[PDB]
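Engineer: One letter stands for each residue in the lines below.
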Amino acid sequence: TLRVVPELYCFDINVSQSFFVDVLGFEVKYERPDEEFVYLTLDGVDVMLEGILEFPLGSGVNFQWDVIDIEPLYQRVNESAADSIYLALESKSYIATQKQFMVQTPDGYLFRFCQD
Amino acid sequence: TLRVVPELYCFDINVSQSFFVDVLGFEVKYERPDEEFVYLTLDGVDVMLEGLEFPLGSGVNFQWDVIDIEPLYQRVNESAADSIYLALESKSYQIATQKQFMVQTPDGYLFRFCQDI
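Those protein sequences? They're chains U and D, same order as listed.
For the first sequence, the positions run 2 to 117 when the working numbering is used.
For the second sequence, the positions run 2 to 118 when the working numbering is used.
Chain U with its partners taken away, still in its complex shape:
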């Protein structure tokens, strides 16, 4: 049930959404128009679109990564490479809550570890 859902930043959200839907055949599961946010899936494999080899690599990509131990992992990272923490641990809610924090790897990739 744990998955990594890439969140891709797009220059022209309508252009990107059309490519994914019309060309690749993805289906829109839901959206947040005012944020130019689109959650898509292709047979159960999901991807997120959000409108706007040199370090940092992976520009525009944010790996939303499901974990089972958000607190222990956060403490493990603070204990071994605190400077790699990009966004501090937080509880984001809508009540439904999702704890998460971000890390930047040595290559520049950004990971958003999450747990509901």
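Errors might be hidden in some of the hints.
Far from chain U, some chain D residues (derived; all Cβ distances over 10 angstroms) [said to hold, decoys possible]:
1. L3
2. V29
3. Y31
4. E36
5. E54
6. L87
7. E90
8. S91
9. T98
10. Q99
11. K100
12. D117
EDC-like mimics (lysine to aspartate or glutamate), calculated; alpha carbons at most 20 angstroms apart, straight line [said to hold, decoys possible]:
13. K100/U with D44/D
14. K93/U with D67/U
15. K30/D with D67/U
16. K30/U with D66/D
17. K100/D with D67/U
18. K92/D with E71/D
19. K30/D with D47/D
20. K100/D with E8/D
Chain D regions said to be covered by chain U (calculated; three or more residues, Cβ under 8 angstroms) [what the hints assert, rightly or not]:
21. 10-17
22. 67-76
What the hints contain is simulated information worked out from the structure, not anything from laboratory work.
Idealized CB from N, CA, C, for every residue including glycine.
Assemble the complex: chain U is given as a structure, and chain D must be docked to it using the hints.
Structural biologist: Below, chain D alone, put in the same frame as chain U:
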């Protein structure tokens, strides 16, 4: 069973592997040393390591599992052939085969769609 497994280019494969294993707690499932390739997982979620301006996502290749790659490829070839990065091919190893093709989205992201069997 279908998943998307990101493959990340690394400046120094040893440094990146140590970061994922030591700092993040990932486990190496298997490797291909002479290729500087490493396959890792964190409780079932996998990632591959390999040693804002267009194109975005440099260094990333999304290995994306699909159910029926043939109809997908024919539609891409029809309505967006210039977006094809790697043409459809059947890749095999000792016989296990996987069909795949790569496409670049308008923003520059590279997707490697794959279908087993």
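Engineer: Checking against the hints above, which ones are violated?
Structural biologist: Hints 1, 5, 17 are the ones this structure does not satisfy, whereas the remaining hints hold.
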